[PDB]
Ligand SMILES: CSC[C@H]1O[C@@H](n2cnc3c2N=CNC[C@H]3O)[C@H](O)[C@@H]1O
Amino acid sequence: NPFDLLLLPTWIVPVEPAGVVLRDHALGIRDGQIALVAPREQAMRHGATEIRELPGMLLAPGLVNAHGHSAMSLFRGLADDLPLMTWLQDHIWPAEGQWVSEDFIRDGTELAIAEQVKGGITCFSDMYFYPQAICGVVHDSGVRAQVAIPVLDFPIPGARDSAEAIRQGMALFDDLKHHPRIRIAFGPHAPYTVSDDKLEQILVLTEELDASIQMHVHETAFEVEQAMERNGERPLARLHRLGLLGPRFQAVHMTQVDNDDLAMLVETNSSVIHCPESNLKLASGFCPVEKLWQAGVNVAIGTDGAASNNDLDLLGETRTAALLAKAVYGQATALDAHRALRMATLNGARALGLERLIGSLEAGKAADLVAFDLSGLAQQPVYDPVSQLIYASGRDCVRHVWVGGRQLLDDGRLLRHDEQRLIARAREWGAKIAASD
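Please provide the structure of this chain alone, in the form solved without the ligand.
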């Protein structure tokens, strides 16, 4: 009974146990799962149909991009450096009104997946329009995904109202019930865009389905202050009041965190999705990551959409996060390199409810893997491969990617996408969108 594939990289970082880096080790894959992580000597005895040596490379769990709006890849750099509401009202919202259709979503989503896989990301979360179309693209691509159904108080592309959005959502939930790679979640945009009734409605359906909820929460001081002078109650407190908080709740951003907020996070075991670069670019503020971490809150990381980043580089986000957390907390020891990688992998898994399947290199879990090349000039000398990954390596060093043991990236080449076709298609869109803007 040989492995299907045995990988022999210079270094393996399993993430669990924390801090550990393995040398002269092997990872064996069988039937899509990690069957063994062990010394090379030991593993070579089981036999393997295929054996790949990966000298100079670091093998890790695939990255988990825990929050995105993928098809906004087509809006990448459309209008930068404007006031937030000018950006939205003069540029993003009209462009969405004119251009967002199933064709837009299909092209923009595939564009985004292609970029993410190239950057070593094996699992992502999407919160955008035409979810059914999104799922189709995710299915073909082979990556893992949470697709969150957008629910709002007003018409959006694809849904004339919240009722239709939930109906389409429910139909989606059923159709993908046994999909091995995709899970449906609910994704109400933010507390300030969704009614209490809609929130309670979402909760019932969610507990009915054991499904997750992802929402932008406390992204700005303005949202929080305004909820005060209006309702006399912090948005998170309101969500807590209505019973939406919990281990399946994903609070995105959370730049505004007081002690009541914190206690509510620790109590409900809710996840926070950290999006540092978007927070900086939009002047939203500084998520207190080390503080949340020390309290025991699960903190994952996402890129947000490519129009406020403007790349979908999770390795890059993670470095930004690891650097920023030190200055925000006031200590150089905050969010260290191993914890940063954990945030980008196992914590993402936990946020998305997938921590039994992915996020660490342990026997029994899915073979969602990324191999990073550390043999480049600018990475020398390599004293600690994980330090060098986090603080000195770019996403271009990603060489190979597997999801469920199926290879999606081979020496930097995408096996499930035609890169030049997507480029050409993205250009056709950009030409049209540029003209309308």
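Positions refer to the first chain, counted from 1. Residues that one form lacks are left out of the comparison. Basically, rigid core = biggest C-alpha set you can superpose within 1.5 Å across the two forms. First, how it differs from the form deposited with the ligand bound.
- Comparing C-alpha positions between these two forms after a rigid core fit, one residue in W87, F173, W99, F286 moves 2 angstroms or more. It is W87.
- Shifted region between these two forms (core-superposed; runs of 3+ residues, all CA displacements of 2 Å or more, residues common to both forms): 82 to 91 only.
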Given for the second form:
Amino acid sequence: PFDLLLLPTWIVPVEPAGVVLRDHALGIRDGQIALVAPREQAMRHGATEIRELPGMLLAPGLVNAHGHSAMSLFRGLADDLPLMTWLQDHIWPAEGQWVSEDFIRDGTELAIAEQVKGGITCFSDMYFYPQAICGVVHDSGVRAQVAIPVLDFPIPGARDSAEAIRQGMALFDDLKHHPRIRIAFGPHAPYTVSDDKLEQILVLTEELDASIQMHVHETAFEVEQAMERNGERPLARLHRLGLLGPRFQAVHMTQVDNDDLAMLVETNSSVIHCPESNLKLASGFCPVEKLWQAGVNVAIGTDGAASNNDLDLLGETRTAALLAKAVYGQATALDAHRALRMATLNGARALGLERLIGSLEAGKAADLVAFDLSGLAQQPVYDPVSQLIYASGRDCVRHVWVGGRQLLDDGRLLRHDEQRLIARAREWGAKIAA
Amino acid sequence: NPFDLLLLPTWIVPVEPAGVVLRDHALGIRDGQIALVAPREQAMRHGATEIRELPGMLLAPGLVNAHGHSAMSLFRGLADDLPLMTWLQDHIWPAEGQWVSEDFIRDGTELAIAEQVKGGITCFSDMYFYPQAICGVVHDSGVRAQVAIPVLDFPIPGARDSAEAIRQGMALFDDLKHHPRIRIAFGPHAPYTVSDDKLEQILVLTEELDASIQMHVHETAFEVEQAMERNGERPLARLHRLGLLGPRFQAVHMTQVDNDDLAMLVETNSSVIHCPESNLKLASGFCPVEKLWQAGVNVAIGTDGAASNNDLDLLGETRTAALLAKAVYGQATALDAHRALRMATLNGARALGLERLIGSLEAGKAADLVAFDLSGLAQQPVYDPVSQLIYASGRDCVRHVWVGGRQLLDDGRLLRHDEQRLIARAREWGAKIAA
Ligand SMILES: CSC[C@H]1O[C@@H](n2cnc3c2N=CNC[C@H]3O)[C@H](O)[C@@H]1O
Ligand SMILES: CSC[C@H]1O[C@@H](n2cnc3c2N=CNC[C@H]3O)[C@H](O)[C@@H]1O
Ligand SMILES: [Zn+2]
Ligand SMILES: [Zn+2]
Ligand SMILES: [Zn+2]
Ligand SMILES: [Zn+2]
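Switch from the form solved without the ligand to the form deposited with the ligand bound and give that structure.
Once more the chain from above appears, this time first in line as the rest of the complex follows.
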């Protein structure tokens, strides 16, 4: 007998690809997808609780594969700037000044609350005070990869990388048996981490079976600079140092030559596409369809709210689906089904969670999002997945579960106090603004 | 002489002068016009019949959707994954020939207008069939519109040929002679569907009536090259030679722009109507917006139709435009948030020839206004409300909409439409078309 039976108009399981189930039901038990079946059959099975969801599309929860969640408190603080001046003259100085453990707890919770409301059940974070990030994640009920920030210089909470790594080990330790949080390593970028630190990270990840997330090939200037100073592209450097592989998550990759493509194919590394951030900083255009056609796993992320500036993964996914057609020069590139897969299954693959989350298969965790497609602007619906990708906003998100626990009920966050978070964000904004 | 309505938002963005935002000011409306913008104390001391507090909201000129095919809302998501010519010839044109009746147009247009008002659009341009029926729906909705008479080389719904389309348009131009909200324009579809004769016809008609022309131009590489190979001139050169270009010409799309094109737009003071999401989705290309803007071309923005977008979200289109423009031009300072808002308001006004009536919050202009709510969680903290509007707000933040001081949207609710009935009607159309 199920704990919960959901009866939506449409289910999109993502696996197998391209299909939509009409008048079916999904049964949840013990925090897992126990059955997907026609309604008659599923109803005959019975459940503690039943929820009809007419006009709704039920999908795997969205996976935001790259972000810096507490930068939510810097939303819109630094517009109109290309990458290097954005970092050096605005963001880094503001991080040195403001970012404490209290900043991180408030900013992360604000970010989570925003993400759950837009259907995101799993997220990747690359930001300071990971220990604090995990406490907030733990309380929220959502799933996360938390990457340990490794940089060649002092950062908030870590005078240097050895301290960041040592704090990282303590964290790996504690969370060994957490159902929802995975620790990973977060070397920032090629130009802010040495060969030595990169090797220590590799060995640690061999030893711990952990992931690596890094900004790679964000800008032409990063690549040309690396070519002129070291005579090798930053990706070949990473390949030479042995970091590439199925647990390596290369974020951005707007600069991809044919050697780059060959390396990603060979090693089976994931690329995390951040289209809006790459547009906003004038970083370039990640060649998504090309990567996809070559078999590279391509997930999607929002990046931070100072270079987006929302945490809307559904919106990011639409932007990616539109952009990819014109970048590639074919209207058939990254169709709605594949765009949804990028937002779900490919994120789970990128984070090493494909066996737990990312599709609606029996036995997987019940990380689910229900989207409402009954609104005036979504009519008429010829294809619900098309309507999701190209004509629905994140405000259509009604319900969200993680591991079968409901975190959003008819648009209301069950584990957060929006009114308190807003008052808190506001307090932060006035102190940072003054 | 108190205002009819006094609006008290946290922020006002007047658009003119550019780049400014007023805090704790107020906008008084009288006789359908902006009577005054003033600090809140002064405004309140003046007096008003009705007063609306708008804490946490940003008041702006209403958004101007400068290109659409409004009744194609009933084809929303019907023809995905197709480039332009096969989208048109193998899908959309057949579906239009099969379904577009006066009834289709009434239902589809109202559906589109209701979607748009909810998204903060007070003025829109239509280029679609049965313009007469369109005007009836616009008239009832209270919204402002340019309605473009479709001119094509073949039979269209409601016009067996060009001659007949223009017949109806004259009558329309006449009937709507004194209309406060509705302007009639001509809508030659595209260079490859409109002959030179028909083009010369429109020029003289528009000279005589002092009316506008809107036309899809230089949408794709293939159109520019086929024209070059068949006729030895670029469509925009052909239009220049024919004498159509000028301050009342609205060139839609323009993803293909060389220096000669650029000179002709600059010389003639023609407008470009940028449709970023449609250009991306049909794999048409990238309009060089910042280049146009730096050359001093007026660039406005449109959603296009719901079968190549597929929403009618102008604010979302404006966000797309503002992001894309940076990366297309290769500088993070291109199309900043204030200018993107300008593109969605005042430039759309200039494009439609309505800049003296709308597009900015200056005294004496029409009170076409939109209130965006920036007090939501995902919009905190607000450092700069216009940045937040463009880069971090959805169209569901739109709370209130007025056109000519008449409220069309009140706290998210439409005062002139029945959403429940429109939905039911959209669904019937949906069932028939899919069956
Ligand atoms: C890798 S630790 C997180 C660090 O990365 C910085 N960051 C935030 N957003 C981006 C960042 N870095 C590089 N690329 C641009 C963008 O993805 C952030 O400010 C912080 O300093
Ligand atoms: C002048 S009538 C408007 C006509 O243009 C067609 N159209 C709709 N959306 C677009 C159209 N035409 C050309 N370019 C692609 C896009 O803007 C529409 O289906 C209708 O046939
Ligand atoms: Zn990042
Ligand atoms: Zn975004
Ligand atoms: Zn069009
Ligand atoms: Zn859109």
